[PDB]
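Could you build all of it, start to finish, from the sequences and the hints given here?
For reference, the chains in residue letters:
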Amino acid sequence: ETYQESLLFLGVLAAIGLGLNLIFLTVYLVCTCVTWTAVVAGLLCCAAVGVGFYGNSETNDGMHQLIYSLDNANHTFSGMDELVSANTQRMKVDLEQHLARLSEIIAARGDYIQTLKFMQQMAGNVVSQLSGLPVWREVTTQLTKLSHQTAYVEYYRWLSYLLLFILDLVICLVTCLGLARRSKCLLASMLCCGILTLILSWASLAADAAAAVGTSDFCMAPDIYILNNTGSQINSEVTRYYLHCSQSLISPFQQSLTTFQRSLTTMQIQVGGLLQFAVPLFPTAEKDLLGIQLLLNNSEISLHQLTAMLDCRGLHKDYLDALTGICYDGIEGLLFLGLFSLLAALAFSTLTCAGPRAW
Amino acid sequence: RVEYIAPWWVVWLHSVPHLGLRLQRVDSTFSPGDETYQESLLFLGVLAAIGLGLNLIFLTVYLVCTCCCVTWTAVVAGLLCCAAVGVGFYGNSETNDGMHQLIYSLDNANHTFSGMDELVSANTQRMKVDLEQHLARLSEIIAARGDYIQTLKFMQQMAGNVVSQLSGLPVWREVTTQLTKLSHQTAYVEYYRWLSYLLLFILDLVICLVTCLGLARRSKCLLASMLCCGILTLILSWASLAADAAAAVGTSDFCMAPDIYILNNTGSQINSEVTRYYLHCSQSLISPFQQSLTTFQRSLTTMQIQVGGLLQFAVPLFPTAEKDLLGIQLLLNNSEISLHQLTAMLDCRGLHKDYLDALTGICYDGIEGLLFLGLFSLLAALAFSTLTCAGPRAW
Ligand SMILES: *[C@@H]1O[C@H](CO)[C@@H](O[C@@H]2O[C@H](CO)[C@@H](O[C@@H]3O[C@H](CO)[C@@H](O)[C@H](O)[C@@H]3O)[C@H](O)[C@H]2NC(C)=O)[C@H](O)[C@H]1NC(C)=O
Ligand SMILES: *[C@@H]1O[C@H](CO)[C@@H](O[C@@H]2O[C@H](CO)[C@@H](O[C@@H]3O[C@H](CO)[C@@H](O)[C@H](O)[C@@H]3O)[C@H](O)[C@H]2NC(C)=O)[C@H](O)[C@H]1NC(C)=O
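Protein sequence lines correspond, in order, to chains A and B.
Here the first sequence stands for residues 39 to 71, 89 to 414, where the numbers follow the UniProt record's numbering.
Here the second sequence stands for residues 5 to 73, 89 to 414, where the numbers follow the UniProt record's numbering.
Hints listed in this document are in silico derivations from the structure and should not be mistaken for laboratory results.
A virtual CB, placed ideally from N, CA and C, is assigned to each residue, including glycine.
Fair warning: there could be bad hints in the mix.
[To be verified] No more than 25 angstroms apart at the CA atoms, straight line, and that leaves these computed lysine to any residue pairs for SDA-like:
1) A/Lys172 to B/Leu171
2) A/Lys172 to B/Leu330
3) B/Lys172 to A/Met177
4) A/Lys172 to B/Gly327
[Unchecked claim] With the C-beta cut set under 10 angstroms, the calculated list includes, among others, these residues of chain B facing chain A:
5) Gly165
6) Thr320
7) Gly327
[What the hints assert, rightly or not] To be clear about the criterion: a stretch of chain B counts as covered by chain A if any three or more of its residues have a C-beta under 8 angstroms from a C-beta of chain A, and this derived list gives those stretches:
8) 328-336
9) 366-374
Given below as C-alpha cells:
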C-alpha cells in the first residue's frame, strides 16, 4: 500500500547509503594498498556515547510512561465492568430471590401484590438499563496486548542499545590501550571490528529513522487512527466522548445513568413504604426488607462511584499523558539516537581513513 | 333458611279462576297498566255488582210478597251489624299497619340507597379535586429533584384508575326517586282508604243506633224515613266487597311472583345482576361488586404506600412538602374509612331485610286485612238486608 512506501523507501535508502560507504571505504583501502587526532576521536566518541545514553534513557522513560498510562486506563476499564457485573448479578439474583420470598410470605393479603409487581418491573427496567452500558472486555484485552508487547519490545531494544554502547566503549578503550602500547599489531588489526561496528551504526540509524517517521505519522492524527482501529469496533459515541473530553460535549451515558438512578429511587420509595406499612403485617418480612434496603444502598453507592468513573476527565488525562509521552518523548529520543548513530558513523569513517595513515 | 314463602291463604285466593270482562280465560301475568289485566280485575267488580243487584231484587221481591200476599229481628240485625263492624275495624287496622310497615321499609331502603350514593359521590369528588390539587402543589414543591416525577406519575395513574373504578358503581338517583314517589303514593292512598272506611263504620253504627231509637219510639216517621240511608249503606257495603275482592286478587297475583315482577320493573335502568343479588341472597352469591371493591381498595393501598415512602424519603428535602403530604394521608385515611363503610353498605343483608319486611307487610298483612274487610262487607250487607226486611213487618 501507500503507507508502507515511506518506511520501505527510507530503509532501502539507508541500506544503499551503507553500501555506498562500504564501497568507498574498500576503494580507499585498495588505493592505499597522532596524539591530537587520538584525543579528538576520544572526545567525539565520548560525546556520542553521552548523547546516545541520554536519548536511550529518555526513550526508556517515555515508553514506560506509556505503559503506566496504558495500565492506568486498563484498570478503569476493568473496574467499570466489574461494577456493572456486580450490579447486574445483584439485581438478577439477590433482589429477585428476596422479592419472591417476600411474595411467598405475604401472598395471604393481595393488596401489596400490585406494588410488588411494580417493583419487579422497575428491577427489570434497572437490569435492561444496566445491560445497555458497553462491555469493555474487547478493549481491556487490547490494552493488555499493547502493555505486554510494547514492554517486551522496549526491554529488548534497551538491552540491544546497551550492548551497542558497551561495544563502542570497549573498542574505544582498546584503541586507547593500543595507542599507549605502541600500536600492537594484533590490537591495531581490528579493521574488521571497525567495519562491523560501522555497519551496525548504519543499521541503527536506519531503524531509528524508520521508527521516528512511523511514530511521527501515527502522531500526526492520533485520534483518527485510534477511531479507525478500535473506535470502529465499539460504538463511536463513547470513543468520541473519551477522546475529546470537553465541557460543551454532552455525556453519552447521562440518559441511561439518570434513568437507572430514578429507578433506584423509585424502588427505594416502594421499599420504604412497604417497611412502614408492614408493621401490621408479619414482622418476619422486615428481616428481608432490611436486606432489600441493604441492596438498594449498595446499588446507589456503586452507581455514584460508576458515574464518577464514566466521567471523561480521568480517561482523557490518562490518554493525553500516554500521547504526550509516546509522541513527544519517543520522537526526541529517536532523534537523539539518530544523531548518535550519525556521530558514530562519522567517527568510524574518520578512524578508518586515518587508520593506515597512523600505522 | 329465611326467605319468602307464600302462605296458604294467598295461594288459595290466587287459586280462584281469573276471568276477563267477556268470560274468557286470562293469564295470571301481573301487569298493573295492561288492558287485559285491568279488565280481569274489573270483572270482579262487575260480578259484585251483579250480586248486589240479585240481592236487591230478591229483597224487593220478599218485601212485596210480605206486604201484598217484633223486636227480635231488630236485635239480631243490630248485633250482627255490630259484630260486622268489629271485624271490619280489626281488618282495617291490620291492613293499615301493613301499609305503614311497607312505607317504613321503603323509607329505610331509600335512606340506605341515598347513603350509598352520597358516599360514592364524596369519594369521587375527593379523588377528582382534592388529591389532584394536593399533588399539583407537591409536584411544584419538589420539582427540584427529578426522581420523584416517576412515583408522582404512577400514583396519578392510580388516581385515574380509582376514579374510573368508582364511576363504575351504579347511580341510585332513579331508584331513590322511584321509591320516594311510591312511598308518597302509598301513604296518601292508605290514609284516604283508612279514613273512608272509618267513615263507613261510623255511618253504619249511626244507622244502627237510629234503628234502635226508631224502634224504641214506636216507629217515629222521622226515624222511619231511614230506609233510604239503609239502602245507600247496603249498596256501599256491596261496593266495598267489590273493592276488597279486587284488591285482594291483585295483591295475591303480585305476591305469587314478587321477585320476578320486581326484576321486570327495573330490568333496564340498572343492571339485572345487582337487582337479582339484592332480591335473592340467603347464604352466598357471586357479589358482583366484590372484584371492583377489591381492586379499588388495592389501589388505595398503593396510594398510601407511595405516600408513606415519599414521606420517609422526602425529609432530606425541606419539610415544606409535609404540609401537603400529611393532608394527602388524611385524604387516604378518609377514603379508606369511607370505602369500609361503603362495602358494609353494599352487603345484601340490609337491603334484602328491607325488601322482605316490605313483602311481609304486604303479603302476610294486607291480604288478611282485605279478606276481613270483605267479610265485613258481606256481613254488613246481610245484616242490613235483614233489617230492611224487618222494616215494614214491624208496622
Ligand atoms: C489489565 O486488565 C486485565 C483485565 O481487564 C487484567 O487481567 C486480569 O487481572 C486480574 C488480576 O491481575 C486477574 O484476576 C486473577 O488473576 C490471577 C492470575 O494472576 C488468577 O489466578 C485469578 O484466578 C484471578 O483470575 C484476571 O484473571 C485477569 N483477567 C481478566 C479477564 O480479568 C490485567 O491484570 C490488567 N493489567 C495488565 C498489565 O494486563
Ligand atoms: C329518599 O332519598 C332521597 C335521596 O337522598 C332523599 O333526598 C331527596 O331526594 C329527592 C330526589 O328525587 C329530592 O327531590 C328533588 O328535590 C329537588 C329540590 O331539591 C327538586 O328540584 C327535584 O325536582 C326533586 O323533587 C328531595 O328534595 C330530597 N329530599 C331532601 C330532604 O333533600 C329523600 O329525603 C328520601 N326520602 C325520605 C322520605 O327521607
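Are three or more residues of the segment 366-374 of chain B within 8 angstroms, CB to CB, of chain A?
violated (count 0)
Are the Cα positions of A/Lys172 and B/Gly327 separated by 25 angstroms at most?
Holds, at roughly 18 angstroms.
25 angstroms Cα cutoff - pair B/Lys172, A/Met177
holds, 14 angstroms
Apply the coverage criterion to the segment 328-336 of chain B and chain A: a residue qualifies when its Cβ sits closer than 8 angstroms to a Cβ of the chain, and three qualifying residues are needed.
holds (count 4)
So, as I understand it, the hint says B/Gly327 touches chain A; can you test that by seeing if any CB pair is closer than 10 angstroms?
holds, 4 angstroms
Between the alpha carbons of A/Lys172 and B/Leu171, is the straight-line distance 25 angstroms or under?
The hint holds at about 17 angstroms.
Is the interface hint for B/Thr320 satisfied, with its Cβ closer than 10 angstroms to some Cβ of chain A?
Since the shortest Cβ distance to chain A is 4 angstroms, the answer is holds.
Given the hinted pair A/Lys172 and B/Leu330, is their alpha-carbon gap at most 25 angstroms?
OK: A/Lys172 and B/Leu330 at ~22 angstroms, within 25 angstroms.
Less than 10 angstroms between beta-carbons is the criterion; does B/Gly165 satisfy it with respect to chain A?
holds, 7 angstroms
In terms of the numbered hints stated before, the structure departs from hint 9 and from no other.
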